[PDB]
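Below are the chains, spelled out letter by letter.
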Amino acid sequence: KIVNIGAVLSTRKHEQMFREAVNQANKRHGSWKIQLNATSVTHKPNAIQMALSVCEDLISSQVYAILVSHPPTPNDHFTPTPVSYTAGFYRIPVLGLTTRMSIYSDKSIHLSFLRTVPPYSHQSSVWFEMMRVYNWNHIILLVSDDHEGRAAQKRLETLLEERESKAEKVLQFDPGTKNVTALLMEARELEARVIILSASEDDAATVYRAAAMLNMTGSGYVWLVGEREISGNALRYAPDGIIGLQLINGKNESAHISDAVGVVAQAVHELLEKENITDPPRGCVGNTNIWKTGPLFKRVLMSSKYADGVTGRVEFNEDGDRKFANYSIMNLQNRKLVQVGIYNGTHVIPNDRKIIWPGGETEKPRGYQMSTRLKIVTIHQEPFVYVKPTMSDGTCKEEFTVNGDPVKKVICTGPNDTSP
Amino acid sequence: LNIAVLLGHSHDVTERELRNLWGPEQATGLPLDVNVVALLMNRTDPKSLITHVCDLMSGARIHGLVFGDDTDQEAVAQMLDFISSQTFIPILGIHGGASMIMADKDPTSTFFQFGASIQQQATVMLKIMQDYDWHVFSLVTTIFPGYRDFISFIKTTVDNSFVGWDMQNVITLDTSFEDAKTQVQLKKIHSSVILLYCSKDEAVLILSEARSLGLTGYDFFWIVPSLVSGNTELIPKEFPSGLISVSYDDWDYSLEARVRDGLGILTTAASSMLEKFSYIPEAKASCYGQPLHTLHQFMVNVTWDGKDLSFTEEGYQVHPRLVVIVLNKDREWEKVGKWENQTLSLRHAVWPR
Ligand SMILES: *[C@@H]1O[C@H](CO)[C@@H](O)[C@H](O)[C@H]1NC(C)=O
Ligand SMILES: *[C@@H]1O[C@H](CO)[C@@H](O)[C@H](O)[C@H]1NC(C)=O
Ligand SMILES: *[C@@H]1O[C@H](CO)[C@@H](O)[C@H](O)[C@H]1NC(C)=O
Ligand SMILES: *[C@@H]1O[C@H](CO)[C@@H](O)[C@H](O)[C@H]1NC(C)=O
Ligand SMILES: *[C@@H]1O[C@H](CO)[C@@H](O)[C@H](O)[C@H]1NC(C)=O
Ligand SMILES: *[C@@H]1O[C@H](CO)[C@@H](O)[C@H](O)[C@H]1NC(C)=O
Ligand SMILES: *[C@@H]1O[C@H](CO)[C@@H](O)[C@H](O)[C@H]1NC(C)=O
Ligand SMILES: *[C@@H]1O[C@H](CO)[C@@H](O)[C@H](O)[C@H]1NC(C)=O
Ligand SMILES: *[C@@H]1O[C@H](CO)[C@@H](O)[C@H](O)[C@H]1NC(C)=O
Ligand SMILES: *[C@@H]1O[C@H](CO)[C@@H](O)[C@H](O)[C@H]1NC(C)=O
Ligand SMILES: *[C@@H]1O[C@H](CO)[C@@H](O)[C@H](O)[C@H]1NC(C)=O
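In order, the protein sequence lines correspond to chains A and B. Residue numbering for the first sequence follows PDB author numbering, beginning at 25 and increasing consecutively. Going left to right, the second sequence walks through residues 34 to 323, 330 to 392 as PDB author numbering numbers them.
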């Protein structure tokens with residue numbers, strides 16, 4: 025008869041905001057006679073003792089849904105995984121609020137890890153929409169990771185299939201090494217200078233150091249990065265004029281927690297509107313009964329439409345993401361984040377500021393060289409392409425025609441025969 | 034090394050043989066800290082799992098966990114993946130829900146499972162269908178995840194078929210049963226084998242709809258994998274006569290041999306790692322107040344008791360032992376088919392209808 029809400033939350037002002045939101049969640053959400061109590065955990069350095077305290081708060085209390093709201097994790101793991109896996113044992117989804125990786129987007133490892141934040145494929149879509157403004161076609165892709173890199177490459181190929189075009193060159197290597205200068209030198213001799221980076225913080229710092237040692241901050245270089253490349257030392261090693269992205273009402277913790285409690289409480293009351301109300305079992309002795317209303321709760325949550333929120337109109341898609349995300353296109357002008365544009369879900373509106381690039385003027389970086397190096401291929405046709413061996417070494421004898429036209433020979437590279 | 038073994042109540046396997054497995058065995062023990070802790074838990078729950086993690090890892094640095102599950106979910110093994118993501122302890126998936134086949138693992142995780150993947154299981158099922166001369170088949174797949182690789186493997190098999198497999202188009206079920214539009218999809222199925230890839234209760238509903246409409250004849254066969262059928266203890270209602278399941282839940286097969294092969298592979302890995310690096314215990318000590332050498336890409340070339348117990352690149356055995364069971368009229372599941380190293384063995388030549 026008692027209902028406890030699982031909340032991994034420890035900051036006391038957000039504890040008061042959580043208690044106020046729990047008090048407000050039972051006021052106008054119907055005349056149903058259920059009550060909601062809070063259950064919070066404290067700080068631990070590890071994640072296994074955190075998971076122990078969480079699961080002791082979960083299984084021995086017959087919880088409904090879990091909210092994890094710690095983006096400053098004390099370790100470098102950044103894992104909401106154990107609480108989500110604990111609830112996914114009982115087929116219970118967890119609405120995570122911190123991570124945005126594409127390894128959490130897969131429905132094979134994380135079966136029901138839902139979230140109200142979009143992954144980096146939406147940032148790749150914003151980059152593709154910025155390609156549609158200045159008519160960008162040939163791009164260079166550099167991805168260090170492999171978990172999110174396959175999803176980012178699949179989304180980029182999907183967007184280029186929507187354009188019905190092709191990419192120029194993609195790069196996927198092993199992080200940790202420092203011999204990434206030769207790959208950047210091979211990427212220098214391509215047909216374009218548009219650089220797109222999708223990596224972690226240390227890999228972004230490594231490729232920024234490699235670009236600084238090779239002087240890739242000259243004219244025409246397109247610098248368009250996201251969130252992980254403007255944090256930490258990658259913010260320090262970035263050149264002046266690099267373009268990044270900023271979350272609108274994403275770093276604001278209290279309004280995000282209040283909107284998350286509102287969405288979760290509206291989902292719980294929507295599940296309580298219909299029949300087949302089941303509770304998770306205990307874990308003491310001799311009852312291994314599974315939770316039977318898994319697909320029912322999935323049909324409730326995955327097909328839910330919302331209209332309330334301080335951040336904005338939240339709506340869960342087929343992957344459990346955020347629709348119409350407000351972004352801030354930011355510029356790093358002399359180690360200072362300068363607001364140079366904002367982003368609704370359908371259109372980009374720059375402000376009255378100047379978009380200063382590390383290349384030329386405030387327009388798009390002229391990094392197009394697909395006409396200054398053309399590999400002219402031809403076949404040995406008898407009337408069309410006469411191929412003649414040189415006299416001594418690489419010279420062309422200027423033959424004379426009958427109409428006064430000198431034979432303008434070109435120094436080509438001709439083979440003698442085929443492979444047999 | 035110190036390896037703790039925990040079991041439940043699957044296949045009437047007790048706990049005293051886990052104590053007897055340490056005494057006369059393990060003669061060539063190159064590590065000196067080789068001890069076992071045999072445990073039993075009545076319920077399957079993550080609370081007791083994290084409790085035994087924080088009580089046994091602090092218990093003289095146990096770097097081995099064996100768990101026996103009796104549920105119908107592979108994500109229980111994903112719980113062990115959290116042991117593989119923080120402490121980086123290699124755990125061998127032995128039997129039950131801790132070793133069921135999922136879609137895509139991660140190379141950074143040191144977790145392993147015992148069994149063949151869904152592509153090799155589909156290869157075994159198509160070898161069964163080729164040996165029984167059942168050419169025309171169907172494919173009914175729901176919106177349950179892990180469906181792209183299976184349908185893609187069937188498409189690449191039919192498009193590169195030496196036999197000429199007549200593949201019916203994919204029957205998709207986006208919603209539940211309505212008997213308005215799915216009835217047309219059920220009436221178009223006139224094949225012999227009706228393939229199914231979904232959950233347990235959805236399979237019960239589809240077989241009940243097929244029984245209520247007369248789609249469960251002798252010509253209409255039903256071949257299911259281990260993910261659709263599940264364990265052999267719980268048998269729900271509305272199952273047609275002629276259900277052939279492919280799984281590994283065998284009653285007379287020794288779980289003691291499974292845990293003995295697991296301990297042999299882990300002690301072989303520890304003995305091969307002792308000759309390379311000195312400090313073999315290098316992991317998280319205890320759950321109170323916070330990798331360099333792992334055993335993920337090191338015990339691939341393992342061989343215990345002469346059997347091919349080597350590891351694949353995805354975290355599976357190279358040649359496991361597949362089980363093919365049938366459903367008779369006596370509401371029982373009897374083992375029929377087993378898989379060899381390279382080819383496929385068939386016990387019953389004359390196939391009953
Ligand atoms: C919340 O806690 C109070 C005090 O322990 C208790 O009286 C009340 O029943 C609880 N509400 C429910 C039903 O969860
Ligand atoms: C990079 O290459 C050098 C050889 O030029 C090699 O000695 C070194 O181990 C490599 N690793 C680094 C530092 O990235
Ligand atoms: C790069 O730029 C610096 C500063 O202008 C210059 O000294 C150096 O010769 C250039 N060459 C390299 C190392 O790429
Ligand atoms: C909310 O976030 C913005 C940055 O996006 C910050 O400037 C502002 O101070 C924050 N306000 C609150 C309520 O903390
Ligand atoms: C509740 O569950 C039962 C059994 O699964 C089912 O028959 C019934 O349709 C469900 N109720 C509703 C309204 O979905
Ligand atoms: C973005 O912010 C605007 C207000 O500036 C708001 O109307 C809108 O709901 C937000 N984004 C969405 C969900 O379109
Ligand atoms: C986004 O759209 C809202 C109207 O829905 C508008 O008020 C707001 O100014 C827009 N934001 C941008 C990108 O300027
Ligand atoms: C090219 O090949 C022929 C044999 O096919 C050989 O006799 C000749 O010396 C070679 N040199 C030329 C003309 O390129
Ligand atoms: C329950 O577990 C204990 C060990 O903790 C075991 O001794 C007992 O036999 C089990 N009982 C059953 C049958 O579940
Ligand atoms: C097995 O593979 C490892 C590398 O993972 C290698 O060092 C070792 O020599 C090989 N031989 C055995 C059977 O240990
Ligand atoms: C498979 O091969 C092993 C040797 O690696 C052998 O001991 C075993 O009997 C074989 N099993 C069969 C026949 O499937």
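Honestly, the hints are just simulated from the structure, not real lab data. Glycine included, every Cβ here is placed at the ideal spot set by N, Cα and C. Among these hints, one or two may not hold up.
Taking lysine to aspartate or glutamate pairs in the EDC-like style, the calculated list, with each CA pair at most 16 Å apart, reads [unchecked claim]:
#1 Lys131/A / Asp252/B
#2 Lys221/B / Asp182/B
#3 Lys317/B / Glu188/A
#4 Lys421/A / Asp441/A
#5 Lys138/B / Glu352/B
#6 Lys138/B / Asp130/A
#7 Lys317/B / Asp88/B
#8 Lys329/A / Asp303/A
#9 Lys138/B / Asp417/A
#10 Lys399/A / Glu387/A
#11 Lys374/B / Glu235/B
#12 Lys316/A / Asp252/B
#13 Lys131/A / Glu266/B
#14 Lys316/A / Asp182/B
#15 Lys131/A / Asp137/B
#16 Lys221/B / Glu235/B
#17 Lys193/A / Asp226/A
#18 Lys322/A / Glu271/B
#19 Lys316/A / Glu352/B
#20 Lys322/A / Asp139/B
#21 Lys233/B / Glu266/B
#22 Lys322/A / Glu235/B
#23 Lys270/B / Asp234/B
#24 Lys202/A / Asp226/A
#25 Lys178/A / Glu188/A
Chain A side only, calculated, beta carbon under 8 Å to chain B, not exhaustive [claimed, not checked]:
#26 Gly54
#27 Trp56
#28 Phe102
#29 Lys131
#30 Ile133
Here's how the hints hold up against the structure:
In summary, the hint linking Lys131/A to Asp252/B is not supported, as the alpha carbons are separated by about 36 Å, beyond the 16 Å threshold. With a CA separation close to 25 Å, the supplied pair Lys221/B and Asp182/B exceeds the 16 Å bound. Between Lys317/B and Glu188/A the CA atoms are separated by roughly 51 Å; this puts the pair beyond 16 Å, and the hint is violated. For a cut-off of 16 Å, the pair hint linking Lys421/A to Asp441/A is broken: about 23 Å separates their Cα positions.
Note on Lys138/B and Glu352/B: the hinted pairing holds, with a Cα-Cα distance of about 10 Å set against a maximum of 16 Å. Restraint check for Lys138/B and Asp130/A: satisfied, since their Cα atoms lie roughly 11 Å apart, inside the 16 Å limit. A C-alpha spacing of about 13 Å is found between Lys317/B and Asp88/B, which places the hinted pair at or below 16 Å, so the restraint holds. A threshold of 16 Å between alpha carbons decides the hint, and for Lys329/A with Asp303/A the separation of about 24 Å lies outside it, so the pair is violated.
A distance of roughly 59 Å separates the Cα atoms of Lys138/B and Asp417/A; the hinted pair therefore is violated under the 16 Å criterion. The straight-line distance between the Cα atoms of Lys399/A and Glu387/A is roughly 30 Å, outside the 16 Å bound, and the hint therefore fails. For the given pair, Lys374/B sits about 24 Å from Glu235/B by alpha-carbon distance, which is inconsistent with the 16 Å threshold. Distance hint between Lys316/A and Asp252/B is unfulfilled; the C-alpha atoms sit about 33 Å from each other, more than 16 Å.
Distance hint between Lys131/A and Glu266/B is unfulfilled; the C-alpha atoms sit about 28 Å from each other, more than 16 Å. The straight-line distance between the Cα atoms of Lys316/A and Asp182/B is roughly 27 Å, outside the 16 Å bound, and the hint therefore fails. Restraint check: the Cα-Cα separation between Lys131/A and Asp137/B comes to about 10 Å, which is no more than 16 Å; the hinted pair holds. Between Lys221/B and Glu235/B the CA atoms are separated by roughly 20 Å; this puts the pair beyond 16 Å, and the hint is violated.
Under the criterion of a C-alpha separation no larger than 16 Å, the hint pairing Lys193/A with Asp226/A is inconsistent with the structure, at around 23 Å. This hinted pair does not check out: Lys322/A and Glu271/B have alpha carbons roughly 25 Å apart, beyond 16 Å. Of the supplied pair hints, the one linking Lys316/A and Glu352/B is violated, its CA atoms being roughly 35 Å apart against a limit of 16 Å. Proximity of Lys322/A to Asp139/B is assessed by CA-CA distance (about 26 Å); at most 16 Å being required, the pair is judged violated.
For the hint linking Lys233/B to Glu266/B, the alpha-carbon distance of about 13 Å falls within 16 Å, and the restraint holds. Note on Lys322/A and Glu235/B: the hinted pairing holds, with a Cα-Cα distance of about 14 Å set against a maximum of 16 Å. Distance hint between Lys270/B and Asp234/B is fulfilled; the C-alpha atoms sit about 10 Å from each other, no more than 16 Å. A C-alpha spacing of about 11 Å is found between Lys202/A and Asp226/A, which places the hinted pair at or below 16 Å, so the restraint holds.
For the hint pairing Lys178/A with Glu188/A, the CA-to-CA distance comes to about 14 Å; that is within 16 Å, so the pair holds. Look at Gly54/A: its Cβ only gets to about 26 Å from chain B, farther than 8 Å, so that hint breaks. Of the supplied interface hints, the one on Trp56/A is violated, with its beta-carbon coming no nearer than about 26 Å to a beta-carbon of chain B, more than 8 Å. Hint status for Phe102/A: violated, given a least beta-carbon distance of 11 Å to chain B, over 8 Å.
With a cut of 8 Å, the hint placing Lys131/A at the interface with chain B holds, because the nearest CB-to-CB distance is about 4 Å. Hint on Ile133/A holds. Least Cβ distance to chain B is approximately 7 Å, under the 8 Å limit.
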